[PDB]
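Every protein chain except one is present and positioned as in the full complex.
Order as written gives the chain letters A, B and C; numbering starts at 1 within each chain.
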């Protein structure tokens, strides 16, 4: 029993309802201008991993545009932490399962921030089921529409604003590599993201645009209590070698590494931040 | 230059119009009852790799149900090769982008053959584009609906008919592992298939149903001249270490291995038949 | 974990199959040969027992003549020889220590002499010495493990090259541990990772000469390497950890080798066939 049994009825989950509250910030973390003056669009940056990435990026001197569905309280709080760092922050609520909106958040980021340098595709929804026979066509399509189609549409719109030295980071998952028997459709979307990352990296390498991914293991975020039942929530992260789930702040440095010139010779790759699970990486 | 320059105007391609005709049968291949009495459903079994698999399976004593879109001439020919081995063959035309049709082919297979033992998900369409900006939502969704959603729907319908000792094989692609800059959407669907394979193997292992895949490299099939330009077609397969594309007959024994009790201790895996491209396999 | 086999241990490695309970199953009674390797001449190191015995017998059933190299298990090599010859093919026994370079050369020369040529090489010998941690791995054990597990693959394969031609094949036995790691077999796993990279590199080296190079990565297989390396407790629960919740039998590995050794895998080189009870290795 790593975490207290709990569950939220609607997804996307709300961070402010969780106990304990995910740690999205490392108090000892010191920014060093790794992304100074850079303009970022992070989808799903209002909470969980996205929140921790937004704040770390702001600490590194980046201006952050945060897209999210409707978690206004969570998004505002994230905006407070971001602006505390003295950079610009824009909130872009809306449903990214709609192509047009995927285009709109990109246009809006460029209008308010002035330009776009770094795109972090990170939104997701997950609907556990005991087997394939319990996955309806409706859930299948919905899961793909937000998990992978949004990555295509937002990235596609961002391409007319990206130039040499710019970067794309996609949040995938350990399940793309290891599979998950109770998240078959979700896993398929994550495998799709991994192949997307690989192919797009090769497509944009000569344009000087790098494309990489982060594959988290079990991280304590609103996705967990809003998708899994209480029993499972209580044992979350107990399966990995470190015997604990990760906290969102533990993911941020991977994104900072991939987003900055620190990884100038890196494209088409995945950073596995998963508590010790070996994936032939 | 490996093949003569040629291009077919519509996809799915027609095998009888190709020069040279793919070699779908190994003259020296000797069946040994590896699948005697087994009932098989293979989607996309009318031509290319599926055609070679259908025929090898028939030489191994299995009854074959073949689903395909509308290539009646190719399907008919495949049927004559299968029947020559003295087994049953059932042709199932129709559009597998429709969920109900996915369910119907499974029901029809059971009706005609009596039961279902081996499912081979193998249908695909691919639409090369010079970059992500040239992929419409229409193309993206179409590509996913046939390449991965059909694998989900057909397999889901098959589950109520599969029992201990039964088997699922999914055709993926080298592109899920290596990426392909001109087939970003298609590669994404193949990455989805890889993860699907891994998750489903874990879901069904205690039910005694194995699930594996085959990742071909460049194989001479109707998919090639129906998707790529005449120039690309003429050099097809010159990029791999063996410096030639594979022939469909060269894929069939991997499917035989995975379909039979020869691989009784194998599940969740991928067989790479690609002319020597190293994929950290 | 749970008990999958009777508790047992052999305080001598390489292990002896005739002492095991139950005897591993190295033959599928229902397996039907179909001349996939008719007239081929094979050299298999460690072909006297476990996986190697199963491969020898299956290859014989496919029409291949088998030269079997092993260390000192004459009882096992002879019994294997009986099974091979029962399939109506030739069998040559090649005892000796493959941790010695010259002997690696000699077994190749001998094979060509008695069989007349060499078409297929299966590098399969291995020793393993579990330790609870790296601090318990001596330099002695380290070098010994490498010398037999990977140096012999280099030396035997190297000697085989002047005899292999277009259409010939090399198969190397690796292990799931090269992919997943194994905390109690750190040096062994390092030798298996070395074999994976050797397989990949050599495949590219020989592709234009028409010689294919592939490997098989077994999971937990009930063979003499198990009771002779692990303690009784560990042996009793062997194979309980994998998704299929059981160890594999040696006969369950042979068809992968047949696939890789024959023309059935003509468009395959540089690859690994994972036969491990369902462990996902990002394969």
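Here is the rule we go by: a residue touches a chain if its C-beta (ideal position, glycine included) is under 8 Å from a C-beta of that chain, and two chains touch if they have at least 3 such contacts.
Among the residues C:180, C:252 or C:264, only C:180 touches the chain that is left out of the figure. Residue in contact with the omitted chain (choice from A:5, A:21 or A:242): A:242.
When the missing chain is restored to the complex, the residue among C:40, C:200, C:212 or C:274 that touches it is C:200.
The residue from A:4, A:114 or A:276 that touches the chain not shown here is A:276. When the whole complex is considered, the residue among A:141, A:178, A:181 or A:250 that touches the unshown chain is A:250. Hidden from this view is one chain, which touches chain C at 101, 133-135, 137, 139, 142-143, 146, 150-151, 154-155, 157-158, 161-162, 177-187, 189-205, 270, 282. Although one chain is not drawn, its touching partners on chain B can still be listed: residues 177-179, 278-281.
Residues of chain A that touch the chain left out of the display are 26, 28, 30-34, 198, 201-202, 205, 217, 241-243, 246-247, 250-251, 253-254, 257, 261-278, 280-281.
The rule we apply is simple: only the chains that are shown with their structure count from here on.
Distance between chain centres (mean CA atoms), chain A to chain C: 44 Å.
Touching two or more other chains at once are residues 177-179, 280 of chain A.
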